[PDB]
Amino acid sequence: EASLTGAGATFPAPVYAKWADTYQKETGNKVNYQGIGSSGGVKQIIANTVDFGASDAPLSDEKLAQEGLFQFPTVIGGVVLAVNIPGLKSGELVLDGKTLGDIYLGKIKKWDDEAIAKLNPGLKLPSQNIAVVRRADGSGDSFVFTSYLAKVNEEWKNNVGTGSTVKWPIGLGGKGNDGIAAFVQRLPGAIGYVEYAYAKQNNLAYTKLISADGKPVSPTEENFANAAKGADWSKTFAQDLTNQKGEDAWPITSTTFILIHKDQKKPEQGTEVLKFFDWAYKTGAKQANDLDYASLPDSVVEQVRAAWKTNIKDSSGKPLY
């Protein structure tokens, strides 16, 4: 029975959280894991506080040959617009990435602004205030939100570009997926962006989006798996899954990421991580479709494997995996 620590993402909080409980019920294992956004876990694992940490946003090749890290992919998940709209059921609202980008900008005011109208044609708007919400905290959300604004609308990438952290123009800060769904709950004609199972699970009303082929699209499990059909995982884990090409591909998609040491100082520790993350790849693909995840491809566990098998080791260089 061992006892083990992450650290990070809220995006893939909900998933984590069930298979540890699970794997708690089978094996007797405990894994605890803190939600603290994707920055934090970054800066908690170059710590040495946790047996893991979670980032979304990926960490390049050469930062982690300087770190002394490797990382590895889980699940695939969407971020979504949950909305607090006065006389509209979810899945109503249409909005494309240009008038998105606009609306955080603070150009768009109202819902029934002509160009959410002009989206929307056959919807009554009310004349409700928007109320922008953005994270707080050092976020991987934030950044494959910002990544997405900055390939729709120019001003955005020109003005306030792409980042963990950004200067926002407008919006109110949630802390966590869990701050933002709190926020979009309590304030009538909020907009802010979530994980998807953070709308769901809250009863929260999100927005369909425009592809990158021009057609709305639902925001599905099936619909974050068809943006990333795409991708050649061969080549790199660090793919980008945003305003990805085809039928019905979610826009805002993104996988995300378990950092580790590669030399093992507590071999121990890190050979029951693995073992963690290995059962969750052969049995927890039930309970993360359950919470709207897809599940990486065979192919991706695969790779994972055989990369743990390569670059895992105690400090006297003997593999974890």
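Numbering follows the first chain given and starts at 1. Between two forms, the rigid core is the largest collection of C-alphas that superpose within 1.5 Å. Compared with the form deposited in another entry:
- In this overlay on the rigid core, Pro251 has a C-alpha that sits less than 2 Å away from its partner position between the two forms.
- The Cα position of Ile108 differs by less than 2 Å between the two forms after fitting on the rigid core.
- Once you line up the core between the two forms, the Cα of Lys89 stays within less than 2 Å of where it was.
Counterpart to the form deposited in one PDB entry, namely the form deposited in another entry:
Shown below: the chain alone.
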């Protein structure tokens, strides 16, 4: 009976809890998970009050090196644009990065706006006014979305930038992916970024987006993984998956991180933690896929394995994997 306990990000709480349940059936081992938020994830691990911490945004190599930690990504998420356009069927409209930053900056007011029209040829675009809905409460999705726009729009980067809360130029602010969709459903012409999972079993209509390499892409679990496929990875792990170059890569992808110390004062634990996550990197895939999370491509699973082999050592120099 290994008794593990973690704390952190709420994003993957449902899949970690799924993976956990299934790992006990099989091992009788138990991974408790405190869905407390990314901040407490890092605060608890550094405090050495839990076996592992979990956070959405990756810590810098400097700060990892200072607290004595290592990050490894487990699952991949995705943010889509929920739209309310009269007539338009889900996945029909294709957007741009510049064009999208322009909608969010207020430079674009009508859906039948030329700029959107040249991106959608056989489309009866309406003379409907665009309604922007950004996130009310400070959040990692806003952090992720502004990261996206900051790369693709020269203006947004220079006047509002990126973070969990920014100086939004326009648009209503809704609380949680709840607040956004709800308004979006409630208002014709509305547009609000939302997690792909929430959008999906709540039948939010979404858009395709133009990939960093041109080709328009639909958000699917496959295309979220492709973004990760496109990151260097080797010596960093703190990767941003937005506007990732490659083929069929959903331009707005995110992953979440697990934080464990390198020197294990209780190596009983470290070992037992690495195991749970290895079992998930194998058997746990489908459990995650069916909760709308993309799995981590194998090239990257392979790179964490090596990195484990050379980083988590017990109190006396012996590797734990």
